[PDB]
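Yeah, one chain of the complex is gone here, protein chain that is, but the others are all in their spots.
Order as written gives the chain letters A, B, C and D; numbering starts at 1 within each chain.
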Amino acid sequence: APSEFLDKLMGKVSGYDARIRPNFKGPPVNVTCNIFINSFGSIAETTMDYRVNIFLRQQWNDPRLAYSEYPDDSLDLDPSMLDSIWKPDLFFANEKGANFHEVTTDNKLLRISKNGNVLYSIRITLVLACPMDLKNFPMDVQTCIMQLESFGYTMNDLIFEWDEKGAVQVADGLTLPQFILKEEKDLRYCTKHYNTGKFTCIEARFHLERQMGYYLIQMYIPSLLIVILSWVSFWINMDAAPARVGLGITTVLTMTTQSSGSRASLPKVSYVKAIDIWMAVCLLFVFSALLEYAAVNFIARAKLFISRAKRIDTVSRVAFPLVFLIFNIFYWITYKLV
Amino acid sequence: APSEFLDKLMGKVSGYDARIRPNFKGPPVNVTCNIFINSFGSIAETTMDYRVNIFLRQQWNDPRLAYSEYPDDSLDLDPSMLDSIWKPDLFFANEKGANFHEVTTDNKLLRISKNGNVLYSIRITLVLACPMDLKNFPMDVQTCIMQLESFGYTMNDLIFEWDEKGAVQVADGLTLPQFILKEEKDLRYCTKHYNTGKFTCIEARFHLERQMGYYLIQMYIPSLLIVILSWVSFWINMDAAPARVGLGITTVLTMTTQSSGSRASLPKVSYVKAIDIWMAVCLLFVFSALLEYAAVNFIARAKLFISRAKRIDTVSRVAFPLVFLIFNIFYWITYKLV
Amino acid sequence: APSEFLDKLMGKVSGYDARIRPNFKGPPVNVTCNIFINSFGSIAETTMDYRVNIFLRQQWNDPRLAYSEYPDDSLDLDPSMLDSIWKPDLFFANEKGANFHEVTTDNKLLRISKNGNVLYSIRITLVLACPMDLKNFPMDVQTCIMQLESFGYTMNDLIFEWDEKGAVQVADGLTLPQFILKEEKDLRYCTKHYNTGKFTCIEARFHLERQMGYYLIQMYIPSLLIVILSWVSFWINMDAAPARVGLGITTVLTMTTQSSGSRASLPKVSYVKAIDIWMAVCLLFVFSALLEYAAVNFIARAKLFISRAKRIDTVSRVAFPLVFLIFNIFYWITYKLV
Amino acid sequence: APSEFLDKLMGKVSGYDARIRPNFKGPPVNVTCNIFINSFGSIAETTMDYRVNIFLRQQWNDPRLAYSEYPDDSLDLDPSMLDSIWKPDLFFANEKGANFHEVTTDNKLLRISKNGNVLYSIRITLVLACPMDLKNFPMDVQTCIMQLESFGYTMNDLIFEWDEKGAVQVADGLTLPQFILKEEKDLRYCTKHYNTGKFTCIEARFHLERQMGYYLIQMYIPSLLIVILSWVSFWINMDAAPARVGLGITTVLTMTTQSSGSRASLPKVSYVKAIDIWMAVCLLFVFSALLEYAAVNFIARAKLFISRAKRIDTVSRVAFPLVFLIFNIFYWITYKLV
Partner (left out) sequence: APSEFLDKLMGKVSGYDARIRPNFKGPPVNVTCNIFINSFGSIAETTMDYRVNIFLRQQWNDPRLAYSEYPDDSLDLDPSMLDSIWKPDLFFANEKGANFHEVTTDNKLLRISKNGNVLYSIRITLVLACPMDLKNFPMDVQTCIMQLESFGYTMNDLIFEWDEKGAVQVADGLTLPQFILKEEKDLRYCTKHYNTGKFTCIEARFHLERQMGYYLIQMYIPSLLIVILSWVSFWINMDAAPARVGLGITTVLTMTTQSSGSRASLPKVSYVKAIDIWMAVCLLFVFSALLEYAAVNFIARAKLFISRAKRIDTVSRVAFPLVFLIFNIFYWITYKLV
């Protein structure tokens, strides 16, 4: 009996097509779809993309699927039946490759309302390439977007609508290495004009704040502390060049190495990164320290002159912490504030 | 005759559906499933995930498969027959991609009890992304988890139960590079509430203890031994700066290099790692040694003063081993104990 | 009724073949096809190739598909129907591997004009290996090409024609890391003569200008600035060798390291790269500075001679900025101009 | 006529099942199988696995395939027919992924003896993860194993037997980078006890001897030669510290770098590697040389004392070559002998 029902409802009998859209030659079918995301992973500045795998729940109405036969409000047909009925046909626009998970059974869910409302849920893995502005690299917030468009049909045939409530959902414990997602989520429409026609699209907004911790501990503190090691050279014995020259040249080389170190992770980019100016000024300070030693020697190796060097030492040792401090204070305001 | 039997049992004759659940419109089918793991491999902090391939043995009852025909308690149908009968439909939730092994024949096992109890065994390879707390990196125990959920049906339709005895099994000789599994294994339930309904899930616990050997030989001993090389500088000739300055600056640079070396392996993380404080204090000690030399020179280059330097040398050479030792002793207690 | 129509139009009834070309035994079918590109990504000098994913819209006429039945000018059959009708058969010649996107539905579009004009649109991802002349590496414009050829049929059977208007289209916001596409786009024919016959092909031209920003900030400025640090050595104390020798040897080593750094990114190439001469001359200048110090010492260590060294110092300090400047000016003209 | 024969032999007519084992309800079918290996490649300590692709020839008897019809002793059916007949179902146990080669035709061979003996040959590519004891890394012999088990049926149903003669065969010119296979090959049985039942398995042994050449030229000779460069410091001028200190510190740093270099290739391992002790003792010798210089200075900077330093120099220069030599001789015995 139930076999005879699944057979009477869909398939060959009753003359039901997979190929023909629901409500053929009528107002455009609505696909009301929400996405529930499992994770973000391997977000890479280098590859310029992230991966995400999602449950996609898309709902539409079809008249000819409606039954009066069972009392139950919704029936769950086998995931295999899912191939039989017409499906709303969408791709992710920016996908750069994606796949179904076929492990064990196919991951699919199909439940038909007695009304004829159809719920269709599929688990997909996506790569997505998002352009991301690195204009300020360490402190940035990046906006990551996906847009669902119908490649099958035009605007007058098919329409996508986010769900009025709970259109995008996150896993309960979901956390990102390097990143934090913002609870505030933006959702907005788009319409694609292509040479073929105009196609519907809907796009989510994700707002990601990078974790400042790693780059603070790794990149910044050694720079700060090496500059700290640079100032003590001004304190040292006015007579002895080698100690201060060693400290200074070793610190400027170490700073050069520290600078080159950051280059490897980020993708190759035309515009100047935010960390770059920090390294330029740190390198500028240590190089200026070296220049200071060499200049004092240029004055000394030329009895009054060495006295003049004696004052330039003090005024320098007073000037550098103020210079680095005013720079520091002028610096943090831009990136960590406003 | 046996052909006619496999044909009379399942398939078109007798009106048997693959699509309809066993015991349709009744208490939720029980899937009693144990997993037998072959290996863990390529556990990577970087990629944040591991791979594991498992034999999954899942057992359920279906009434309409029950035969009286053969005397034998269990019959093994061809692995091809397996597509014909209804299967319990599960995915791994956190999978991040997985596959069947189709090499030679399909790897599948299907045996039907005369009772109608069905055993179904499939060999699967899984990637699994587990969040792992690195809060103490070198000494950590990490808990690695997989959770099986039914994407097909709701709670009232289907249920997963671990086997009362021997629910998770390990290969006889199984060993992990960098790791040791703990014989004590935890198993606990979960129920997923999704917008669609509530779905059953069961999850295993794995407790992994990292091998301290590698990081002890590689990371720690050179630090210890370089500090040992740092103390001998206090012994050396009070008159000669270059030897001690060479030893000290070379050791602080070498320590900086040793520090940067560990950074490359671990994933980029906001919170401070356990090895990090060790490197910070080692670097702090060698930098303090350099500061010591420079300070003695600052006192000397300014006949009583050099005598004062003569006492600060001794009190330092007595202080450093005690400082590093009290640090060491205070250090190990946290990570290697309690 | 509409089912009966899709069935009367194509398929078994009416005796319609997929296998037989349209207009069999007649003038060669025209495939008028435009491509709409979504992105370029991971353009790598190392792998020598780029990836691009495109919508390919190809249009041809078939007589036996023409209907009088519906009033509408174009009908959109199901993407599944697409397998049924004859398709124009093309590969990308230089592809090096490619794939369809099968995520969710197949990405396909098939619309049949009442005339019988057929529009067929498929979303494809391509790898493409383009030979690229690096003869001048940092400043180059590279021309990137794809060529569509028919592997199925000969010249007399099938022909490809770019669309008279809008044959290649770009995404509205499309931008390349390291690169800028030029709005001016060239399109030209080709005919392949193979042992089998002559096959049609059409090829696009892409003109890419590399972004000078990254290589300017990374490669050039440290060279310039290290040479700047090299000239100050001539200013320094005539009596003291160690400071100038340290500055000079450290700068020549640093320049050697900076030179080796660029080697890793580019593919291994026989002919000399444009950056190579810059590094050769920079290394030549710093090495000549070192040679200068050593030569002054060779004259001095041999009272008049040291006076001669005193003049060679000044004439050198005047000569180097002019030498590097005339080199610089002679250099930029070639690459950044004409 | 021959068509009618292939059809009368197998398939629908005569009532022949693919699903039912040969000799159903009888003694366990014998699969006598030999493997012919094409190559080993990318053997990686890091990934812990190797790849190998093999021709697998497995032979079994089936009664109902036996014909009297043709005179020829063996008939070769089309590789497509191969799906039709029952196949012995095996996986590789430790596979970690594998695949068929489907390029051009399927690679398969099926020949049926007039007796009914069936030869079935398939070309497979395997990854295989073998645990390998690195306890002595450079000089080790590693034993690499594969084990074929039947996942389909139990012990009483199916059995695997190596061929009495020529069970494993090697390609005529087969050579391994880094490795040499040993002509002596061990073959032994196994039986797997799983919760399901007991399954047959057969396993090959491979004995691989690593090539000492690479690690001798790369790792060892620079250590030996740097120690050689260390001894000459004892010869040098008793009065001049900088030359010997430069030689010594540069050599100990270079040895540290050489040591760190080897770490990158091998997988991360708890137990101490054989090369590790060599590097520890080399580093110990050069560090002891540095300690020697510093100690002589500690005695000298304190007229009799410098004479005592004068004797400790000679006795040292006599002691080091004997110490390194007795170490060397005691060292090689373990790894390169017995």
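The criterion applied here is as follows: a contact is a pair of C-beta atoms (placed from the backbone, for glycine too) under 8 Å apart; a residue touches a chain by one contact, two chains touch by 3 or more.
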Residue, one of C:26, C:63 or C:131, that touches the chain absent here: C:131
Residue of D:23, D:38 or D:328 in touch with the missing chain, whole complex considered: D:38
Of D:69, D:73 or D:76, the residue in touch with the unshown chain: D:76
Residue ranges of subunit C at the interface with the undisplayed chain: 15, 17-20, 24, 47-49, 56, 87, 89-100, 122, 124, 126, 129, 131, 151-154, 157, 194-196, 241-242, 245, 249, 253, 256, 260, 263, 267-272, 276, 287, 291, 294, 297-298, 301-302
Interface with the undisplayed chain - residues on subunit D: 2-3, 6, 34, 36, 38-39, 41-42, 53, 55, 57, 76-81, 99, 101, 103-105, 107-109, 119, 121, 123, 125, 166, 169, 173, 175, 177-178, 211-214, 217-218, 222, 229, 232, 235-237, 239-240, 242-243, 246-247, 250, 254, 261
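We take it that only the chains that are shown with their structure count from here on.
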Centre-to-centre distance between subunit D and subunit B (centres being mean Cα positions), rounded to whole Å: 26
